[PDB]
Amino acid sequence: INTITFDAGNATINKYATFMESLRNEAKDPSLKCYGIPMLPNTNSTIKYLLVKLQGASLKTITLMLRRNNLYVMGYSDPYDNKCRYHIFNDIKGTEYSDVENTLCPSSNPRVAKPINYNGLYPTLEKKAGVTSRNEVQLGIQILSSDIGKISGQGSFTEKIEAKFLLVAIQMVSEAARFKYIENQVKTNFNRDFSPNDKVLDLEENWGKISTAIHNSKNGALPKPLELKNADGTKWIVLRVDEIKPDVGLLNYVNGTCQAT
């Protein structure tokens, strides 16, 4: 719907929380809740894309295309050598490739296609970034600002720098809007580059499950215990949604009626 823009060059903790609430406010389906939890809308909606513009300390920018139904990064842009440069993942083609390309790069302005030769799946990025897992790849507000300069406007960048760039951007924008916990981690360490602890990652790989448990779980009694992880790698066992509600920002779409309240 509307282009949300975050400035990682000149940002604070109270600039990130608004951008997140903006993200959350803009990504969420005005009519779909769950235990005081906004839930994302289903595939077919009025609007279907989010535009998030990131400003670098270097003042350069890099835009990002998010499906607002799920919040996966469909493609990112950057003005390079007097034209709109659109980057689309390789498993994205056809018409949704057009809607991604024609959105980031108006079909009336000079454009250059620079294909992403892989997908936006964590094991994938992890392997385009040289890691066996993303926790080896640091996060930070000034890590996203720096990453933006290495890329935006550059005629030549590597796949290593790119997927790592993609690891921190999909984690500091996409995962943090889905998770209050993740947004707090980045907010907690807003001055230091941090390795993401086990709960950041568990929650990442467990959104579909958590959103689903919270959905059909009356009175606050999830359907069956939920196995997660605390920050320290130990096992966490959720039973009631007001238990794992704090950490949740947005709920994935789950067809039907869940306790609105």
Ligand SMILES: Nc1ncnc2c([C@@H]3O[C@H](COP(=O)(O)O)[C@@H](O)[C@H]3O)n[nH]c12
Contents of the next structure:
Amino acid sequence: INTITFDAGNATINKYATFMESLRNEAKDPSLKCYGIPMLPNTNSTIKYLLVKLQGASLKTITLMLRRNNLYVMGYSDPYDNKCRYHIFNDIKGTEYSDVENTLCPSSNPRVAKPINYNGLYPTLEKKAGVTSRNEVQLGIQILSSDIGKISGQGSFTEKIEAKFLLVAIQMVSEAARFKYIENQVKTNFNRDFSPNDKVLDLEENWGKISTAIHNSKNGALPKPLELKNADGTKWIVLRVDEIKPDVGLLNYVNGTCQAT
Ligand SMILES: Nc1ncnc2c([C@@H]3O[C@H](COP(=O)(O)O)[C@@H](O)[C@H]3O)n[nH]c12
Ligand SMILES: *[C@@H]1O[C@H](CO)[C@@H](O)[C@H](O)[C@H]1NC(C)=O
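Please give the other form, namely the form solved in complex with formycin-5'-monophosphate, since only the form deposited without formycin-5'-monophosphate has been shown so far.
Below: every chain and molecule of the assembly, starting with the one above.
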């Protein structure tokens, strides 16, 4: 469908809230839903990818390409030297690789490869970025805008700022779309840089666990206790779908029927 665009250079809470709502309605399987939370399609949807264009205050752009089944950033393009430059992780290959290369930068127009010489897993990204953990990498709307400027159209940039930009972009686009809690952490701190708290990391880490739990619930009761973390890192025991439902924007795909509402 339509490329979804977010202008980070000229943002408001309301435009970012709109962007989330957009991304969530385009990503979701139109029919699937459990306890009223929309669920992503499986890997045989009629449309398998989503493109997301971001703009900085410099007016430079970066377009991310997400796999729609699990909202995974597979790679990105920028305008470079009158060419479309595509950057793809080193583990995307064959039919996926050439749907990504050709949808970010079509055949009929000039393009040039610039590999991401690592994979898109958080550990790998933390390592290139030089941090033990991603709570050391700050997030925010100015940071996202500044980061687009540091890479878009630049002949040379380090793998450290590229991995920092991808830690920020995966969390403010993909994690924020999966979790309404992370979207509300960006709006709360809209006008500042912030470090993700311990509930933000735990939710990221447990999205699959959470999706399967809700999908598998009977009359609103979770199959077993779910132990997550509060904003201060203390333990939180979830027993019922409506204790976690305020924080979840989308569900990972889980096979089978579930209570739809
Ligand atoms: N490049 C990327 N894009 C989106 N999500 C992720 C992730 C993490 O990816 C997981 C996605 O789930 P899968 O196990 O279905 O691949 C989420 O738990 C998310 O925290 N790592 N790298 C990612
Ligand atoms: C998916 O779920 C449907 C309905 O329960 C079932 O018939 C099918 O066997 C499942 N597929 C897989 C791979 O388990």
